[PDB]
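Chain by chain, the residues:
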Amino acid sequence: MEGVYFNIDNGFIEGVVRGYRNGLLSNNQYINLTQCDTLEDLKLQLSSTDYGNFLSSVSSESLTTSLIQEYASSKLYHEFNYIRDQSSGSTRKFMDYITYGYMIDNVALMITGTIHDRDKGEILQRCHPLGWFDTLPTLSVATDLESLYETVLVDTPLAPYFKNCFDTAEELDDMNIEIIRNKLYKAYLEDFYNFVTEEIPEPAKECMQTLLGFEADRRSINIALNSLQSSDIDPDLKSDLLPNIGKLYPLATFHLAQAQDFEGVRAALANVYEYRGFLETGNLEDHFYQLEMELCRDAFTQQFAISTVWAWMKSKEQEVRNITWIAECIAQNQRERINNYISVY
Amino acid sequence: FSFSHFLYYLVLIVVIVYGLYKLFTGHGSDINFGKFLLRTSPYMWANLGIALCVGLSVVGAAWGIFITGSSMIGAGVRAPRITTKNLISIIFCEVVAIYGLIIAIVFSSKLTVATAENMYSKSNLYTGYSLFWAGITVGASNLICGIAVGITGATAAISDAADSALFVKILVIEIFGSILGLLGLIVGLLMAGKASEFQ
Amino acid sequence: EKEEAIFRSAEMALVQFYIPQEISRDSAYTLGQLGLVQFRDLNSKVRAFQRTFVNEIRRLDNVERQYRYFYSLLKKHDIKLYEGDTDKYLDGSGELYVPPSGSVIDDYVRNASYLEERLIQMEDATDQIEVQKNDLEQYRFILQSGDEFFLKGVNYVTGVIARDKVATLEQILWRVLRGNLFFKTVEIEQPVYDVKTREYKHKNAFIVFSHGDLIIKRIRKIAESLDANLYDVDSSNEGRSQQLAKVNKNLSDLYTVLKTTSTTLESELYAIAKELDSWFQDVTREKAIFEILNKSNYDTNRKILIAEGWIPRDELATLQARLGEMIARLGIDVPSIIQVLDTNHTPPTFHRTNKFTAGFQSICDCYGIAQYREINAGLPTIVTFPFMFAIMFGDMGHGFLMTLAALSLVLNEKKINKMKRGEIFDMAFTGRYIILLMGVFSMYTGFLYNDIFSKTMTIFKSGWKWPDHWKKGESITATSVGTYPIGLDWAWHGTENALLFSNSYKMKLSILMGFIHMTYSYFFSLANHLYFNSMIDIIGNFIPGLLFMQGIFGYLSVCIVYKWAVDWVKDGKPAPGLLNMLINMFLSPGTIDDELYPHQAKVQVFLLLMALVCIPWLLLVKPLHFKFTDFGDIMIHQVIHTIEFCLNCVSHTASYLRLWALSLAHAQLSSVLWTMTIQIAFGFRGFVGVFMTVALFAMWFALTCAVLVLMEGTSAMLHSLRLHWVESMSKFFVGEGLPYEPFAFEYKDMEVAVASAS
Amino acid sequence: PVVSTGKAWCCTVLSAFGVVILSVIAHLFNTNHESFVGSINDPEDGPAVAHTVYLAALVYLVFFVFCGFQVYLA
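Chains as they are written, first to last, in the numbering used here: chain B, 1 to 345; chain Z, 1001 to 1199; chain Y, 2001 to 2758; chain X, 3001 to 3074.
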């Protein structure tokens, strides 16, 4: 069984991340945060949680909605960097593969910001400190891709993912950079699924396979619903943007690659059982966040598994989205939709 | 390439070809496992039983101790009050080796010196066989018991760090998991009950 | 008059306080200067931002935030804090002083708010000079480099980059310029302290030669995107002379501007560094009293706060005798502001510890806080905990070294309890009477085991006699001419069967001491059940549990002691194996290999049958008395208590064999260390052998003081601790309780509060 | 001198226990004791090996008075 060899190098990590799980805000703590009047009341009410004394040394009057999520994210990222420094062998590779997906978003953000002639220093902020890679600010030169890959991207770990990307030889606009980002993310999800299948042991293997399948399915549905808009894409040129894994791959990605209107997407998801309750709703991303949280809650029942390191990392990032949504309503007096946070724990 | 599997397949090929050679030559009774059991000294079987009993019991205790101890130190960074509460999870893993001490104390009283004639008799061969398999039985049962109680102790430490009202309900599984080593002790003391010393 | 509360807990009382609002801030100091009231939270289920007295907390911890900023600003400019060591004008005798009154706290608040913006506008103006000092200091390094650094085939870029990024620049500029680069670099041996980041940052210079206009403008962007500081340098040597004479003369000017700007800030920090500590103590005592009134009710119709608090009942004559003094100070006749209330909550525990029981009580409190008015566990631990250590550490010589290491901490208590210890020497100092008793009992036990530094003593006459004569090398035996009065006989020393006799004694000693210890711990359960008036716990748990383990494992101890008292050679009967009849009492009942006493066969069957009727008499009488007055909360708990009480009898009585094991291994290592280090030097008569025994004695003494006293005295101490936490307190110690910890004032020590916050 | 805080005490304690133990060992080799001289594989000459232990006691006494003054400087 799995507990025999797991705790030789991952027992301290397991115990620390389960203790990190225990600081997730339950449903009553969000109600107590919702009842706050001003933002100092939100600070006092968050001081009685496992965030406690993190907005110390700020002010009583320099407290802003942006600053709250900056500090609440920096806490999360220091915790991730603490767990990754205590890992070795296969867990270190697992956490580097978690990091690469943020590196891709930093790459697309830097290339997009270079085109619109703006400052390098303002693209270097708002640029997600977890996927850093020290040679990143060198991407602000030489606005075509062939002078990017041949100078700075071959040394990055994103270098194997630029295989399907060299069909243009010109400069870049907002459409081409999103095509490059979707192709990089396809190659990333397929390589990380292949790493999970061949090298992670079983109770974490099946959990990470269903979590990465959910990530691939959400990418596929959003690429299909962002391609029926004011554009014209050949249907075999769109099947190169959909990842080859998940539970809607071998049939429904054939139909999503050919959907011409909004009713072609509802017809493609009508056959899959876990979906087709999603396209008649309020928000569409509030189904994906809810289903991701029900998947992450189910991953905390497996006790000897490193999927927990995923399931914590996505849950805590949901939590920082909730607090901001409360802090955007207290600072702006918009209490009408304040109870639309997403809470499972 | 699975080099150890290649070693396994080479051993199997050599065994099958050798036995088939002995059949077809006409000498299949030269591979005589019963004559090996009468010419081998009973002191070998008795001392392998004692040594493997205490060694395997100690190995199972140590395995269970690091399985429960790693998670108990990791779950004590945020909840340091679980430490002295969950110490009996380690106590259940460490009484596995005291059973191996007890078996090695009982069985070592039967290691007397036999005479040159009256050496490979029925009683001495019986005592060697009984001490060998009794030592293996209690040592293997204690290895299995120690690893199982260690897994349950790690899970109980995680559950105690979560909610303190859960440790009373996960402690029941460590009580079920610890009777296995005591049953191994009882069968080890009963397999060597009628065995005399080496007179 | 005042009770002792070391056998059981002290008697508590819940006290209600009706405090007027005009003396609410005043009486909180009176109840804080006497630290013997534990308040309880009456405003539960009220959110922390909705309680009263929350604006005062926000103002006072804004002041605490600013004081932490001041202490952090006393770093980077090494200025020591004042540390007024008069810890006497606040805490001490009398337990009643005068607090600062309102306007002093407001002067603290607006002084700390006035002085923060002063230090920010002086600390930013000093810090802006450093970033234009390091730039010109490293640009002065470029201008003194000779001619070979500036000459190799504008046509070059020059700058300073971190040493982390030199290989990255050279690799990127190799891939850009297609292998036609002329990169060159020289190191800088001193670290350049930056302010953007806050490390030391080994940097070095670089120069890149290329001819072009797009190529220079792209190499420049690549270089400055890797955080290199680029510079413009003339090509002629007169150009470097003019730039070294022009950029310098500004470094000395900027040094003069760096002083008298880093000097008034320096003097202001010297002004703040005096009496910052007293400010911090006053502000934290003010916030401490406002967090006690925060958990008490307040009426609106009448001007009355209502609080509850736990107090030891023998000190109800002290709240009245101090609050009368407080009212007599400022005369306002108030109507009976103390009332003793009857309750049905759980009061705290509070054992009084008086400096000799204190370390033993700290040892027993690491396991759990006792129930209210339960028998204390720290009172038997004064003797049994250093004496179970002594059996595992039975050496007359090592106990002498442990007493001498204990008396160098007891004979000077006053010098050490007023200095910092540091987490190992602290546990050595607070557990010094434990080490004293452990060493004394080690002397007694090693006198009975008859070994001093693995050598015997020979201080009586033996009970063994050797034959009259023999040939040199004959296996003789002794003749048993009597018995030996105290301890082991010294005629068992070499003897080639010393471990054959010497560990049948040491195995039975452990079983007897473990049985007597557990049966003494188990009567504390009867003494608890007879105090709390729980006559069903006597007949439901105590009596079957007593007849279970006394009918199995007490019979074994009677059989051990009786077999020693019978002469099995003068009588002509074979001595039976006690372990053999112990196994055959359960696994083959009725039969007897060798008869120990004349009616042994009926007693084995009666004691086996009695111990099997205690399995239905436990687990069944206790729940049914609940039903006929089952529920599941009682039945399943009693099933777990029964199959955990049984199966811990055998496990707990077998866990005491570590007494034998650690003693045997201690004696064996101390005997091998003698015969391998100091025994070698006894055969070296000469001049080389005088030096040889000095070195070999030094090695012997170092290993017998480090390996053999310290890290085996630590092992033998933590196995005696387990026998008290597990095998002793699983029979009387019921578990969970509430610690006392009243509301008092203490010195706060800012460095344990600045690192504790962020 | 020497460090005289962690190096003088570390030699004075070792030399103080070096005089006391080696003196009684040399005394128990001077008189035959059957524990120090009682075996066939054991020093034979008796009070001849008391001399070479007594000289080491004197050498440790020399170290004791030499390092005992070096803490007396302060």
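What the hints contain is simulated information worked out from the structure, not anything from laboratory work.
Treat the hints loosely; a few may be bogus.
Stated by the list, open to error - Using 30 Å as the maximum straight-line C-alpha spacing, the simulated DSSO-like pairs for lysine-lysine come out as follows:
#1 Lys2165/Y x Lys3007/X
#2 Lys120/B x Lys2201/Y
#3 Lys2563/Y x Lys2274/Y
#4 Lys2573/Y x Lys2506/Y
#5 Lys2088/Y x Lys2133/Y
#6 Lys2165/Y x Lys1110/Z
#7 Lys2461/Y x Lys2508/Y
#8 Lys2508/Y x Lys2414/Y
#9 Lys2221/Y x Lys120/B
#10 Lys1194/Z x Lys2573/Y
#11 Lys75/B x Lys2196/Y
#12 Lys2602/Y x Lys1194/Z
#13 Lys2165/Y x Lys163/B
#14 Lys2295/Y x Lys43/B
#15 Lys2196/Y x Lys1110/Z
#16 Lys2274/Y x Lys75/B
#17 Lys120/B x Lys2287/Y
#18 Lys2602/Y x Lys43/B
#19 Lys2506/Y x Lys1194/Z
#20 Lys3007/X x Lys2420/Y
#21 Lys2627/Y x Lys1110/Z
#22 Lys1194/Z x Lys2508/Y
#23 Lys2221/Y x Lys183/B
#24 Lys1110/Z x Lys2075/Y
#25 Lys2570/Y x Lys43/B
#26 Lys3007/X x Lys2196/Y
#27 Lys43/B x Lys2221/Y
#28 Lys93/B x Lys2165/Y
#29 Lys2221/Y x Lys163/B
#30 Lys2508/Y x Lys75/B
#31 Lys2165/Y x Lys2133/Y
* **Given hint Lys183/B paired with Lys2221/Y - CA-CA distance at most 30 Å** => The hint holds at about 29 Å.
* Asked: Straight-line Cα separation of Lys2295/Y and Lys43/B no greater than 30 Å?
  -> holds, 20 Å
* Could you grab the alpha-carbon distance between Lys2506/Y and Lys1194/Z and see if it respects the 30 Å cut-off? => holds, 28 Å
* Holds or violated: are the alpha carbons of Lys2221/Y and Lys163/B at most 30 Å from each other? -> holds, 28 Å
* Is the hinted pair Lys2563/Y and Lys2274/Y satisfied, with a Cα-Cα distance of at most 30 Å? -> Answer violated: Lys2563/Y to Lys2274/Y is near 78 Å, above 30 Å.
* Asked: Holds or violated: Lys2627/Y with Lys1110/Z, Cα cutoff 30 Å?
  -> violated, 54 Å
* 30 Å Cα cutoff - pair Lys2165/Y, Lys163/B -> Between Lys2165/Y and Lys163/B the Cα gap is close to 28 Å, so the pair holds against 30 Å.
* Asked: Is the hinted pair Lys2461/Y and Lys2508/Y satisfied, with a Cα-Cα distance of at most 30 Å?
  -> Given that 30 Å is the threshold and the Cα spacing comes to 25 Å, the pair holds.
* Given the hint that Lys2165/Y pairs with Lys3007/X, test it: the Cα-Cα distance must not exceed 30 Å. => Judged against 30 Å, a Cα distance of about 47 Å means the pair is violated.
* Asked: Does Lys120/B pair with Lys2287/Y here, judged by a C-alpha cut-off of 30 Å?
  -> violated, 47 Å
* Can the restraint linking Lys2196/Y and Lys1110/Z be considered satisfied, given a maximum Cα separation of 30 Å? -> violated, 78 Å
* **Distance restraint between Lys120/B and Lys2201/Y, which requires alpha-carbon spacing of 30 Å or less** => It holds: about 23 Å lies between the C-alpha atoms, which stays within 30 Å.
The structure shown violates the earlier hints numbered 1, 3, 5, 6, 8, 15, 16, 17, 18, 21, 24, 25, 26, 27 and 30.
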